[PDB]
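**Student:** Let the sequences and hints guide you as you build the complete structure.
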Amino acid sequence: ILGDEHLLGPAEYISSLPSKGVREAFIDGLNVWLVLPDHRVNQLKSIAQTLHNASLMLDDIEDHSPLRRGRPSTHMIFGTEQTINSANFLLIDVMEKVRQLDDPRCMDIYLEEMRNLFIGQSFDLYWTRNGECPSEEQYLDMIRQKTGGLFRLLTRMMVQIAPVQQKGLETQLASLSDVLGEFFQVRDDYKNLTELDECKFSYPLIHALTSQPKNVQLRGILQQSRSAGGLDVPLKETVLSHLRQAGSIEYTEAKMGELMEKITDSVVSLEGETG
Amino acid sequence: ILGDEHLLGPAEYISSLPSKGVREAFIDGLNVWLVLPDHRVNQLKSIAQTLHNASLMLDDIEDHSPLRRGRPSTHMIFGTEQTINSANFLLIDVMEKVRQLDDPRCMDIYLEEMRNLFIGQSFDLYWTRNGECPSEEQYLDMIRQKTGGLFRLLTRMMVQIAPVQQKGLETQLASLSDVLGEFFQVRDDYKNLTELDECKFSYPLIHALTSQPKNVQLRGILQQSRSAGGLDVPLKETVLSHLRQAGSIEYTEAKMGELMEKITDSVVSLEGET
Amino acid sequence: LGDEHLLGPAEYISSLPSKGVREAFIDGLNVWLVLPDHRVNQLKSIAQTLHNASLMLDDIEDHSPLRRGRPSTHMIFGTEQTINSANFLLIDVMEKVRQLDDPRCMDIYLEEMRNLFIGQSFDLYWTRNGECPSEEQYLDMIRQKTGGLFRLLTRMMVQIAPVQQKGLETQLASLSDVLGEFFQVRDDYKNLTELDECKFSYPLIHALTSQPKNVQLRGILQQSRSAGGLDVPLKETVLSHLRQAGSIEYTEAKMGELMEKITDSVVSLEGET
Amino acid sequence: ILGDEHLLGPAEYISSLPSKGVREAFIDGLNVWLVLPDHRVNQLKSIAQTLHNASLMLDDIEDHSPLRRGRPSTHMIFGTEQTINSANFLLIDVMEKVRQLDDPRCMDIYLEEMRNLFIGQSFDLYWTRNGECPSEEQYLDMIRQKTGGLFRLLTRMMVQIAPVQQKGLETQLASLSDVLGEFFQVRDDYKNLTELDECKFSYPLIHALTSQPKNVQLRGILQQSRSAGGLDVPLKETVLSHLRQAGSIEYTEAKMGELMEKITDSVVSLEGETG
Amino acid sequence: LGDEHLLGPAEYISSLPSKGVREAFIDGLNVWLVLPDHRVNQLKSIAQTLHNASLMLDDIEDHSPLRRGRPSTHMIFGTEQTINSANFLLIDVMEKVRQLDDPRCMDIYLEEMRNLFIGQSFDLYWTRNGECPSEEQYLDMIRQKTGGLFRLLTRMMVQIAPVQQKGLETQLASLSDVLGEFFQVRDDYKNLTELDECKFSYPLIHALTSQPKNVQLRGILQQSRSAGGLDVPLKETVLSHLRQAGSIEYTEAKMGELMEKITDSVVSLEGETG
Amino acid sequence: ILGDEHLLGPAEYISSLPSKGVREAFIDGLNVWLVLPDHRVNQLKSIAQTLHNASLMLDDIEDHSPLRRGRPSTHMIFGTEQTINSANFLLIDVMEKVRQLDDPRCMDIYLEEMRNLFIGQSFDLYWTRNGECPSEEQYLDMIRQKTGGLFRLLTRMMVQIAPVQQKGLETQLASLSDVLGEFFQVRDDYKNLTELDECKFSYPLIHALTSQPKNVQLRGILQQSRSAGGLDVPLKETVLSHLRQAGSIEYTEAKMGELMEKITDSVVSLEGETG
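Chains as they are written, first to last, in PDB author numbering: chain D, 425 to 619, 631 to 710; chain C, 425 to 619, 631 to 709; chain E, 426 to 619, 631 to 709; chain F, 425 to 619, 631 to 710; chain A, 426 to 619, 631 to 710; chain B, 425 to 619, 631 to 710.
Each hint should be verified, as a subset may be incorrect.
What the hints assert, rightly or not - Under the rule of at most 30 Å between Cα atoms (straight-line distance), these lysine-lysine pairs were calculated in the BS3-like manner:
{"#": "1", "chain 1": "C", "residue 1": "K591", "chain 2": "C", "residue 2": "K615"}
{"#": "2", "chain 1": "A", "residue 1": "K444", "chain 2": "A", "residue 2": "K697"}
{"#": "3", "chain 1": "D", "residue 1": "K521", "chain 2": "C", "residue 2": "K521"}
{"#": "4", "chain 1": "C", "residue 1": "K444", "chain 2": "A", "residue 2": "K671"}
{"#": "5", "chain 1": "E", "residue 1": "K521", "chain 2": "F", "residue 2": "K591"}
{"#": "6", "chain 1": "F", "residue 1": "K521", "chain 2": "E", "residue 2": "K469"}
{"#": "7", "chain 1": "A", "residue 1": "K444", "chain 2": "A", "residue 2": "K649"}
{"#": "8", "chain 1": "C", "residue 1": "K591", "chain 2": "D", "residue 2": "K469"}
{"#": "9", "chain 1": "A", "residue 1": "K649", "chain 2": "D", "residue 2": "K649"}
{"#": "10", "chain 1": "B", "residue 1": "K521", "chain 2": "F", "residue 2": "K444"}
{"#": "11", "chain 1": "B", "residue 1": "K521", "chain 2": "A", "residue 2": "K469"}
{"#": "12", "chain 1": "A", "residue 1": "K521", "chain 2": "B", "residue 2": "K521"}
{"#": "13", "chain 1": "D", "residue 1": "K635", "chain 2": "D", "residue 2": "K690"}
{"#": "14", "chain 1": "C", "residue 1": "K635", "chain 2": "C", "residue 2": "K521"}
{"#": "15", "chain 1": "B", "residue 1": "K671", "chain 2": "D", "residue 2": "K671"}
{"#": "16", "chain 1": "F", "residue 1": "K521", "chain 2": "B", "residue 2": "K521"}
{"#": "17", "chain 1": "C", "residue 1": "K591", "chain 2": "C", "residue 2": "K469"}
These are computed hints drawn from the structure, not numbers from a lab.
**Tutor:** So, in structure tokens, the structure goes:
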């Protein structure tokens, strides 16, 4: 008995799709400050890759997206249950990968970071399903964990196995990672209306729903999206019109600029500390 | 501030349900041969309970079961996505518990038997999706990992923390765990049959399909179940009648008796030396 | 490549319990027509196969999940396989018809099959479009659709009949039509007194004709047409609407009138023979 | 009642649609060798037309095809029940036409050939519904019976009708008809692929599933087709790419060439014992 | 040209078993106001037509297959025909009100219809969007929706009343509002102890307000919204959740206070009338 | 609480979509003969606008049309129940506008006209639901009330408000309004065909079904529309071809020419009476 082809199928399929390598680029860009050996960097890149693949496999299912990068999703080639099983086993694979790093504290780092990531994802799922619009503070503290959790996990693990010296700069890099994840989430939200069908809240939408508590048209359109399975294109342009009248797209520009200013200042401070 | 109300909701709901507790009884029975402190036994009981709860939560979404033990399933109270999120987090939660047993080898054991469990469940899911009837050996090898995986996982950790002396009692206990896992699945198939909707293969239904290669009615009802999504009572009666013509029920009785003979022999051999 | 997938549905529907009206009718005719024993069994085989094919097609065309409290053929083998088996059954019945050593039997078979299909086509058109037929139209449709098998069997038995049996052609055919009409009226009475697809019946036509402005009945019938079936309270409402108009007594009167004709025809045939 | 109008409705609608006259071409082609009178030729052509119309009318129902030759199918204008009824009556009509050929053996030929046609159809339906992949030999036999059945029936009736003399060239023409029907089916399978929706097995698909008994992606896509009752375009492109990766499109062009060589040799042989 | 297809849905719901709360209320008020039988019958017809139109619209807007154990109007005539008939019923009532020989009755009718529709609009918004109203909001909604007809009839009866009974306006209006609140709370209690369209109620509002972290109840309410209603095991779970927070006792308390107010108002009116 | 947010939500939305002002132009047209003060004309225009908005709100629901003038429909933003409630209350709104005209005979004209409007709508709905083809006369009477009711109502109110000297016209103007409504309905029927997805009976379709009792294809396509829910485009071309072969379009432009001739004669007579 040497067959493990119905368990590794979805993982290989999702790993065969094209990607931008943002996490690999982040690992490489953090390696200048923390001079690490090559094989450790390859191990960290592998861990990040498989964790991202598992997250994508789960999110495809939980968002009912027939297409991923123009190509078919994993659950339309293998089924929902097999994809769920493979995603569950990917956690054990990342477990063996982290075990191979020869560091007892990477254990606790991995476990705590996964706990935070799951908390964030649970809050996002509750808000999406129950149709409850969160506040700006709640939404922004959600995306510090759901999206910035991977960056914080990789940063802490990278700092742990770095050669001594670079130990007091963990907090600076953790703050940088949180700001970076916030920037990615807000950028995604922006380049999705000026470019969801499953009633996903966004940064532009919260401002519109808060500054206008009496706007019944937007709320009714969102309710139709909820109890319809999605919106048609003419119903979609109405949401864009409402957001553009409420001035939420510029409110997103303000946040984008503030986050980039914070990123630039953090990077400048980190370069000043090191060198 | 920090409540974790939407993460632990499904876990608490499924943990607040009635249960038979076969895993806890197995642990307590093993504790006689391998003398252990209460603290370690309770830790292992918690680990087994959490793993069983996660497995139960996952196999209701994958089987489309509206009810469990007469009560509504977890995904009908919280949602499919939230239940999946909690089930995956429970794996990490147990991961933090195997680490508190103070043994590096326990994590290896965990990481190997979880792999075996996932392989078995993947094969079961593939046979359910694509209606491919496995051989009897294939089915028995699947259920030696899908169902006996928990028992083996608990057994190999208990001998690792067992105080010195008893160390050669490893192969016999593993064989006992595998035979118990096989018996507990043949028994469930027999009880479910003699007392379909998801079109899941069973031990009698493989013998029926193998001994009768030209039974078109059975193969057609099995496909109507798959396509329509479920079988009405008259169709279930037709399947049950087709299964008595091939003598599949007696074939299940014989396998149950043969398995129980192995269990008795294993117990007598283990109690002979210790 | 055998016929496991071709004779599956036919063998399944043959295995199911049945009543045996056709075989009893053949045996009853054999008293007058004194056929040899082998030919009687051949005709019973033909009648059984034709009836089984008709039931197989009607189950699909009426969306009936059950037959005699047992799963229907197309819920075990599928719609396409059942249609293919029903077509092969028609192909097979004639190979038996050609074994009766009579060229005229083929002509009889072909003409009565044409009549069968015409009647069934009118039934299907009335059901799909929701158009209520008149009394004469419905009576002719049930005279061809249900009385056609009896006619076919009667004419073949008279052709095979040993010599004589010259004038026993119009009387026996009229008896066949009357029996086929009576069976349909009796089934229509039974299915209602003690379906979901809004199938027109003798009680329903009288109600829809005698009451030109009964909006409630037509609305319930259209609800059955659209939703796909009548729940229990709507069925009770329809039955109350039928009791109000007196359709049940009309059906009883029609049954009695038909049985009078059956009795008179039997007495006449007994008188000559 | 005497109006036979709800019975011939579908039969005339399917006849009004455009066609290609392959069966008429076959009859003209064999008439050079068998030289039988003109009215018999018209009778045989009408029999072939009616049988083909009935087969198409039933196929369109059994394959859930909303369109036929661009125009709507028969069951979308008259309903499934009426279409089935008309297709059932068309057999009896063809049967009335056969008896006018004035030959008792013609009825025997017709009754024996329709049995093979129905056996082939039954195997096709069983393989389609149950999702069971046939072997190459079984598929070739099925398409030899299902598709070559009409050609075999016509060519066996033609020799019986044709003026005595020529009687020994019956087996040769039957082999020619079987090869021609197999060629037609393989050509249709290749064209539909290069230029499956209702889970139909083809010649390239069997080769793909047999050469690689580990490709879980192809099997999963085939399953998804069954579950959803059809395939989307990105999903179909994946199947086409998988087939082109296994060399099935060339394994089909080899079979087509072999069949054409067999057809040419059969025609040459049949032209050497006539003239 | 010949009516029908318009009055048919109206006649179907008119010829159905009823209770007659509105008619009894009119007869009870006539003791204090004393109106000729002609006017009383006119008001009774107006009330019957208004109640029937409200029921026809509510059955459509709640997807109720049955009413009083008999099929609903829209299940015999279709949604569109029922809507058209209910619309024409308002014009018909507008014709009856014009026959009371008073221009002020028309103003009363037009100013109570607006309140009725405002309350119904808030109910529809809360039902569709899943928003949970506050106790004050819910009690203000049912004071206009269910207490609208009682107030409308009351204010017409005191305008036609002979010997212009001075005052007897505010007291009777308050009596109508408290009766309308009592009837809705009573119906809410009866439906629970003795939803499928996800309608809110006093016990459910109390349960959702007292326990802001009960994720199970909110999840079940969301499941009701998604899959078009609940099932018996899930309704039992909701009932068990409501008996833990003391919602039923809260409903008894509200019912008792409402009945005390009714008794006090009635005795106050009887003291001055005699 | 002030309220009036979920009541005047669909009414304001339907009043914001672009319109053509046919009924406002009609009101201005008759104001030349009936010299009325400006504010009385504005009141009548408000009444007509709100009545038309309520009718459109109701009609969109009974036709399951997701789009109105390209923009999303009212029941796709507020739901069916809320739109029904607002349309119900719009009648009570037109009530006070009519009462503000200061004329006891205008509350009477209103009720009788709305009764005929509802009778016509009821017949339209019954024919649409229970698959019943009306005759030519029944269809013409139904469209004289369903469509010409608003014109008659506005005309009678305008005559009542106008000075007593110009009150002998009425009849003339009422006949003009009936012919105008018939022309509008026939124009819409012609334009929806030249340019049954809800199985609606039009003027050409009644002729097509009446002049051809034995045409089974048209009735089958209509029943397919009834059952499935709508007609695909290849099925629409079949209906169009059947109508063209039946010569039903020329019947329609003959009807339009006759109606325009009647309108011209009526206007000429009305100008001859006045002046």
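**Student:** Run every hint past the structure and note whether it holds.
**Tutor:** For each hint, the structure was consulted:
1. For the hint pairing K591(C) with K615(C), the CA-to-CA distance comes to about 37 Å; that exceeds 30 Å, so the pair is violated.
2. The suggested pairing of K444(A) with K697(A) holds, with an alpha-carbon distance near 24 Å, which does not exceed 30 Å.
3. A C-alpha spacing of about 19 Å is found between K521(D) and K521(C), which places the hinted pair at or below 30 Å, so the restraint holds.
4. As the CA atoms of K444(C) and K671(A) are separated by approximately 26 Å, the hinted pair is consistent with the 30 Å bound.
5. At most 30 Å may separate the alpha-carbon atoms for a hinted pair to count; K521(E) and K591(F) meet this at roughly 29 Å.
6. As the CA atoms of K521(F) and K469(E) are separated by approximately 27 Å, the hinted pair is consistent with the 30 Å bound.
7. Proximity of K444(A) to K649(A) is assessed by CA-CA distance (about 41 Å); at most 30 Å being required, the pair is judged violated.
8. For the proposed pair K591(C) and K469(D), the alpha carbon gap of about 41 Å is over 30 Å, so the pair is violated.
9. Among the hinted pairs, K649(A) with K649(D) is consistent with the structure: their alpha-carbon atoms are about 27 Å apart, no more than 30 Å.
10. With a C-alpha separation of about 70 Å, the suggested pairing of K521(B) with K444(F) is violated against the 30 Å cut-off.
11. At most 30 Å may separate the alpha-carbon atoms for a hinted pair to count; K521(B) and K469(A) meet this at roughly 28 Å.
12. Restraint check for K521(A) and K521(B): the C-alpha separation of about 19 Å stays at or below 30 Å, so the hint holds.
13. This hinted pair checks out: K635(D) and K690(D) have alpha carbons roughly 19 Å apart, not beyond 30 Å.
14. For the proposed pair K635(C) and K521(C), the alpha carbon gap of about 34 Å is over 30 Å, so the pair is violated.
15. Restraint check for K671(B) and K671(D): satisfied, since their Cα atoms lie roughly 29 Å apart, inside the 30 Å limit.
16. Between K521(F) and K521(B), the direct Cα distance comes to roughly 77 Å. Violation of the 30 Å bound is thereby established for this hinted pair.
17. Taking the CA atoms of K591(C) and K469(C), the gap is near 21 Å; set against the 30 Å cutoff, the hint holds.
Hint compliance for this structure: hints 1, 7, 8, 10, 14, 16 are not met, and every other hint is.
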